[PDB]
Amino acid sequence: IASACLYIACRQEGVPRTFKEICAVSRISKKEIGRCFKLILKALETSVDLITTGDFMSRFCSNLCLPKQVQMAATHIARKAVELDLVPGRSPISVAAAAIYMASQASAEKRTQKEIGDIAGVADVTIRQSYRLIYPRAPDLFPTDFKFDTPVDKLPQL
Amino acid sequence: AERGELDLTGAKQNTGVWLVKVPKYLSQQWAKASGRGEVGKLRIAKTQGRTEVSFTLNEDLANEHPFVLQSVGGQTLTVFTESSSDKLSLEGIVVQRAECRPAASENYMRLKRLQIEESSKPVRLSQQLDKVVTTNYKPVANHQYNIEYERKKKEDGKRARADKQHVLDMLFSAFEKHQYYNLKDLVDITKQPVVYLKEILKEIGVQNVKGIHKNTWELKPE
Amino acid sequence: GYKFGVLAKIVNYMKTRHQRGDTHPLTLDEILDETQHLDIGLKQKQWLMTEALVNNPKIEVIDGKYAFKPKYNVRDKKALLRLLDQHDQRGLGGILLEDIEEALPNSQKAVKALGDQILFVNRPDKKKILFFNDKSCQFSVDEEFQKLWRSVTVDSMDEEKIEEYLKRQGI
DNA sequence: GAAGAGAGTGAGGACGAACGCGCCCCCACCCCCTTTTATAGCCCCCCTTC
DNA sequence: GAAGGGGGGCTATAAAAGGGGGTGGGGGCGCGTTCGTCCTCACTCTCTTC
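Chains as they are written, first to last, in PDB author numbering: chain M, 159 to 316; chain R, 2 to 64, 80 to 238; chain X, 72 to 242.
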């Protein structure tokens with residue numbers, strides 16, 4: 159119950175932590191926290207705003223030690239990708255992780271898929287799937303005033 | 002003549018031995034090979050009214081150690097050995113004490129500093145981190161210990177309700193080993209559900225109050 | 072079990088056999104057959120014959136053979152009333168309701184039929200103790216009488232004051 | 001006429017019953033187990049290519 | 001031996017069954033301290049004694 163309450167309190171305050179992040183600090187598994195999470199909402203008759211891809215960019219990018227411009231580029235990519243519906247049904251975390259990878263590979267600081275997965279808690283396969291979906295529209299997603307250390311045309315293909 | 006007897010023959014012969022205090026580096030060099038049968042030569046020179054003792058390090062070993085004698089009248093020292101076959105003996109009696117000193121003064125301390133620094137290698141100091149560690153509490157769907165424990169429980173499965181006759185036979189058979197059993201321990205032996213086991217135990221068994229630890233179940237129906 | 076497990080099954084099998092309604096006695100060897108204890112030790116065969124089957128209060132020695140003891144156990148309303156009467160007459164004490172229930176099947180019918188003849192005392196653990204209702208001298212009064220009687224505190228008075236009241240009122 | 005053991009009183013030291021302080025246990029109460037299903041994403045293990 | 005892909009699994013969603021297992025709340029119950037009860041002892045009067 160406490161782990162779910164901690165998750166809900168984070169969501170209510172505008173700084174969500176993913177179920178995996180709450181699980182890492184608790185002996186309770188993600189499955190159990192999610193079960194308690196839904197029950198608490200019914201019991202309290204409350205609701206939580208739907209999470210967005212940008213709700214985790216600050217934590218993920220900072221934890222990856224990525225420059226601020228990369229963080230802004232990743233946020234723009236993730237927001238645009240959802241706007242363009244290039245990743246329908248994908249989890250916001252996966253979209254954010256893919257956007258971070260796309261932004262990271264376009265700057266001097268390059269992070270592997272495993273590195274982005276560890277902080278974000280998303281398996282590299284899921285990042286690979288999301289990255290493949292947004293890769294075709296890479297030039298459009300990137301901010302117009304973005305300095306490409308690696309040209310968009312030469313971004314990793316996979 | 003017994004195992005604890007000490008072979009005091011050396012004392013009878015009044016054999017004389019010398020006790021020498023030497024630094025580690027001299028012994029460390031000897032310990033390097035320690036099997037060549039040679040580490041150096043001990044040279045003693047005597048004059049009309051003065052005697053000097055000095056030791057020379059082997060040339061191969063290196064790739080002057082003056083000796084100063086000490087008074088031995090203030091204390092009596094004897095040397096004995098413990099044989100591996102449990103046969104203790106007295107090697108002899110110390111007749112003179114000497115000390116080994118380094119000939120060099122200035123550059124010698126350099127080796128001492130390295131020895132101190134070498135002794136400081138195991139010594140450990142706190143280290144600075146330029147960046148904050150972010151690999152702690154990494155997001156995980158379920159803890160590795162939790163899933164392994166669940167896998168073991170799932171594989172093992174829940175205990176089944178065995179027929180009363182089989183359970184009764186097992187309970188009676190185990191009664192021979194010990195007079196009284198604990199409910200928790202008895203469950204492990206029988207490997208049956210607690211509720212079912214208690215009902216079977218209640219049908220015949222009873223619990224006796226003991227003032228030493230607590231009331232425990234007794235397998236004897238009477 | 073060796074020297075201890077076999078006897079338990081004999082008692083259990085004997086108890087179950089009586090519940091079927093077979094009052095006929097059974098021999099030691101006969102009982103062993105249905106209890107899968109044919110390989111019982113010889114010294115246990117004599118031990119059960121000499122000690123276990125006689126000292127126990129539920130074993131009756133009839134014509135050499137052994138039979139249950141339903142007579143001692145209460146199995147009728149009249150026996151239930153008689154047992155309580157003897158307990159009161161001899162001052163043996165009450166009997167827990169659970170003990171009567173197991174001995175007397177459908178003890179509720181007998182208990183309700185006797186009605187007030189049985190005095191029930193509720194233990195802290197919900198256990199009921201049955202006592203004979205000695206109808207020699209009875210005295211029941213209204214509740215408020217006891218309330219007023221309880222209102223008259225007497226434990227907090229000394230003997231001198233208690234006895235002084237007698238001469239104070241002139242009695 | 002002149003003085004010993006013993007006891008009241010003052011006053012100090014050791015051990016048991018009661019009060020906690022929890023260790024353990026027993027007992028409700030709940031959740032989990034299982035199967036079925038379509039769906040979608042996410043994730044992990046094994047096989048394959050280089 | 002590193003990395004990608006295929007196959008498989010986990011999760012939620014209802015509902016029902018019956019029973020094992022985990023868990024919170026009491027309830028009798030043994031063990032480490034604490035105070036009162038019991039016991040011990042110094043300093044004098046006293047009846048009795050001489």
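Hints were generated in silico from the structure; no laboratory data involved.
A portion of the hints provided could be inaccurate.
[As the list claims (entries may be wrong)] With a straight-line cut-off of 25 Å between C-alpha atoms, the simulated DSS-like cross-links for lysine-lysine are:
{"no.": "1", "chain 1": "X", "residue 1": "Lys232", "chain 2": "R", "residue 2": "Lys230"}
{"no.": "2", "chain 1": "R", "residue 1": "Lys180", "chain 2": "X", "residue 2": "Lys197"}
{"no.": "3", "chain 1": "X", "residue 1": "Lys197", "chain 2": "R", "residue 2": "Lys218"}
{"no.": "4", "chain 1": "X", "residue 1": "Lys129", "chain 2": "R", "residue 2": "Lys230"}
{"no.": "5", "chain 1": "M", "residue 1": "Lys178", "chain 2": "M", "residue 2": "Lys189"}
{"no.": "6", "chain 1": "R", "residue 1": "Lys230", "chain 2": "M", "residue 2": "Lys272"}
{"no.": "7", "chain 1": "X", "residue 1": "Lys218", "chain 2": "R", "residue 2": "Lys214"}
{"no.": "8", "chain 1": "M", "residue 1": "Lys268", "chain 2": "R", "residue 2": "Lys154"}
{"no.": "9", "chain 1": "R", "residue 1": "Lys180", "chain 2": "R", "residue 2": "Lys218"}
{"no.": "10", "chain 1": "R", "residue 1": "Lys218", "chain 2": "M", "residue 2": "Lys226"}
{"no.": "11", "chain 1": "R", "residue 1": "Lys180", "chain 2": "X", "residue 2": "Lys74"}
[Unchecked claim] Reference excerpt, derived from the structure (chain R facing chain M, CB under 7 Å, subset only):
{"no.": "12", "residue": "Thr92"}
{"no.": "13", "residue": "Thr150"}
{"no.": "14", "residue": "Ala157"}
{"no.": "15", "residue": "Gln160"}
Cβ atoms here follow ideal geometry from the backbone N, Cα and C, with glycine treated the same way.
Against the structure, the hints:
1. Between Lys232 of chain X and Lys230 of chain R, the direct Cα distance comes to roughly 50 Å. Violation of the 25 Å bound is thereby established for this hinted pair.
2. Taking the CA atoms of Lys180 of chain R and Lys197 of chain X, the gap is about 30 Å. The hint is violated against a cut of 25 Å.
3. This hinted pair checks out: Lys197 of chain X and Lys218 of chain R have alpha carbons roughly 19 Å apart, not beyond 25 Å.
4. Between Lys129 of chain X and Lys230 of chain R, the direct Cα distance comes to roughly 30 Å. Violation of the 25 Å bound is thereby established for this hinted pair.
5. Annotation: proposed proximity of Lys178 of chain M to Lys189 of chain M holds, straight-line Cα distance about 10 Å (limit 25 Å).
6. In summary, the hint linking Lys230 of chain R to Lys272 of chain M is not supported, as the alpha carbons are separated by about 57 Å, beyond the 25 Å threshold.
7. For the proposed pair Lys218 of chain X and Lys214 of chain R, the alpha carbon gap of about 46 Å is over 25 Å, so the pair is violated.
8. Taken as a hint, the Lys268 of chain M and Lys154 of chain R pair is honoured in the structure, with Cα atoms around 20 Å apart against an allowance of 25 Å.
9. About 13 Å separates the Cα atoms of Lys180 of chain R and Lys218 of chain R, which keeps this hinted pair within 25 Å; it holds.
10. Of the supplied pair hints, the one linking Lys218 of chain R and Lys226 of chain M is violated, its CA atoms being roughly 72 Å apart against a limit of 25 Å.
11. The straight-line distance between the Cα atoms of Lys180 of chain R and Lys74 of chain X is roughly 21 Å, inside the 25 Å bound, and the hint therefore holds.
12. This hint is violated: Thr92 of chain R has a C-beta 68 Å from the nearest C-beta of chain M, more than the 7 Å allowed.
13. The closest approach between the C-beta of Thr150 of chain R and any C-beta of chain M is roughly 4 Å, which is under the 7 Å cut-off, so the hint is satisfied.
14. Interface hint at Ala157 of chain R: satisfied, since its Cβ lies 5 Å from the closest Cβ of chain M, which is below the 7 Å cut-off.
15. Proximity of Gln160 of chain R to chain M is violated relative to the hint, the smallest CB-CB distance being about 11 Å (cut-off 7 Å).
When held up to the earlier numbered hints, the structure conflicts with 1, 2, 4, 6, 7, 10, 12 and 15 and fits the remainder.
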